[PDB]
Amino acid sequence: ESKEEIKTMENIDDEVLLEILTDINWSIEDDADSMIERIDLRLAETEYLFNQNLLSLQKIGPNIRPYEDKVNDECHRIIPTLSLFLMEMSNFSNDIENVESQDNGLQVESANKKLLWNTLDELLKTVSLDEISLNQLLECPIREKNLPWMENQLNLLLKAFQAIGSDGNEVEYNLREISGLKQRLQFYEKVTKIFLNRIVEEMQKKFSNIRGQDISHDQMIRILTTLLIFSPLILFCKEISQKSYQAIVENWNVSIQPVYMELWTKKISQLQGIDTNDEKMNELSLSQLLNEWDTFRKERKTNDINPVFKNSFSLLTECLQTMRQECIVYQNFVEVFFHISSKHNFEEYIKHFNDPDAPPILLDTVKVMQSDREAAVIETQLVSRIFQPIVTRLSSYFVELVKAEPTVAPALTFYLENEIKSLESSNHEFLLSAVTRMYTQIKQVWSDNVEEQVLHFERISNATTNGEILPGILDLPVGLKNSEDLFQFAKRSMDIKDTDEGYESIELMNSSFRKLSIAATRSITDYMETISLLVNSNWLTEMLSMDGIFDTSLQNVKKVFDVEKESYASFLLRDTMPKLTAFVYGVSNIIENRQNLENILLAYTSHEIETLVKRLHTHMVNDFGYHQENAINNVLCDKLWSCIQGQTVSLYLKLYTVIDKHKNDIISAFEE
Amino acid sequence: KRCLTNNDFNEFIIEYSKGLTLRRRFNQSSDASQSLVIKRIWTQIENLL
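Protein sequence lines correspond, in order, to chains A and B.
What the first sequence shows, in the entry's author numbering, is residues 611 to 1135, 1156 to 1176, 1182 to 1228, 1245 to 1313, 1323 to 1332, in sequence order.
What the second sequence shows, in the entry's author numbering, is residues 244 to 292, in sequence order.
So here's chain A without its partners, still in its complex pose:
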């Protein structure tokens, strides 16, 4: 109602999008502006941290640089000896010139090559003024064969710039007093017509480059067409006399970046295809640890279906199309002006040498460029909801972090945006799943313990079953988050450093924070949850923790110490002594690959809990008779009397349990 200003490209939109891409501009927030203040103080301590990091410490690191650099001042200190040697030979020899030629001295009597000729020695200014070969040797041009507009009319426009059009006369000399009135005004009028000719050849030939979309993408017609533009930017007057030739290379390519930028924008964002639910592959990394090891593995390394390049394809494609936004935009370092340098009279050297690579190629410069925004934000924002990565994509996103060291392009800042695809790619690094492990070990304890409130007994009458899920089949994703960290993550590499590993400490929080998440499994430490606890830990610690790459070993023997301590508590009314402790207490987990009768799902032979409590209370507690039984067997006395032939001294030892709680002759000597 109070219609506000014309928002035409203010101090924002120079990545103020990417500035506001800290978390979200999703409603809205001034709270998020405070969050920006927090990230600003984070950068303030990281940059004061860089400051005193580099202020004496890496200013001595700069003195460690002054080994090489003061060494350059040491060969350059021989250049002080070469400079005082040449300056001493020419100092004393030029003093000998001061006494030699100036014997009279009197330069109008002893050295009068220039005192006879105070202006007549500077008498080589006869090329004035205009304008024969400015438009005759270049119609628009006459060029493209190292021809008279390349070889001659260019250099005639260098004569239009050799003519210093504002240094006209100095009337005691008076070389171009009135000749400078229209020398480069007709040479820059006719070359203003050649300038508008190359401007219409820039919008025209660059609209043909907008038609040039050769092969994914590739603007190869803009490369051979860029060979038809190196002479326009070489063109040494100089070439942009009033920032115009570069405006034919940049302001003409302003909209003609957005033909290539719109091209990649609609182009790269169309490769979308995914799966739905992969509990089968977690039954292949649960079937891996079943037949392993203890067997031949299983896994292969098996799937890990993410190792098939659903998103790792772009790691060589949208890092290569990002390397069209960067490295073929570093072939727009063959089209910036080009590479304006170098021809020098005025198209002489680039009349011969007009063939750049340009990409990438080294690093010693200072420059700036554009045309990489939406390919970067497309590659990262495309890769966003990726919750399986970057666990298996550790060396992928860290190779992306360590991609571009040695170029002079902004592909390092892309690799830093691809470090942001490892680091500003947020806590995935997924230790909020530990917050899901304690928070879902408390707010989901109303379902698993709802069958297991009494778990290892039957006082509140519940079966010892809770489950290890999260991280049960996520322990299968330790072999699937670790198996594809050696093939898929290794096939995502690049220049310095980039895998070269070297990297993937993620992947060491698959030791560190996986033993922290597995310490929440130690906070999750029921006997199908002790059985599922050590079966899940050892379902990762059969192959993934010895290759010995984990840190949950003491978590596995800690929850397995709770499997000994709670499987002989679930069988604390059964074994007693070893009569249920070998095939019926630990083998309710070993053969599984209310707690009195509730070990009867696998119930490995012999003397299971369905007979250690019944066929020991059926004329077996004293003996088949009474002290002692005539049976040491392996069929039913193993529940009855071979148990008594395996717990013989445990009769009097078990009767000693009443001898501390509430002498020993008539029971411990003559027990019959």
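There is no bait here: all hints are sound.
Simulated crosslink set (DSS-like; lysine-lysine; CA at most 27 Å straight-line): (1) A:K1101 - A:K908; (2) A:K1312 - A:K1200; (3) A:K908 - A:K1193; (4) A:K853 - A:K803; (5) A:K977 - A:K853; (6) B:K282 - A:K876; (7) A:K977 - A:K848; (8) B:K244 - A:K613; (9) A:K613 - B:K282; (10) A:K920 - A:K1107; (11) A:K877 - B:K282; (12) B:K261 - A:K613; (13) A:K853 - A:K792; (14) A:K1107 - A:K669; (15) A:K1107 - A:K911.
Simulated from the structure, these hints should not be mistaken for laboratory data.
Fit chain B to the known structure of chain A by using the hints.
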């Protein structure tokens, strides 16, 4: 939040997108290329629909 609240007052849509149609004409007296402000009046449009 004003939208589902009352009517939105209607002024909390009417006057709110009037005095916001001020700055939605910040997003309309020129736009190039404020995809920020374009996203702003974009969600204003979708909410109004």
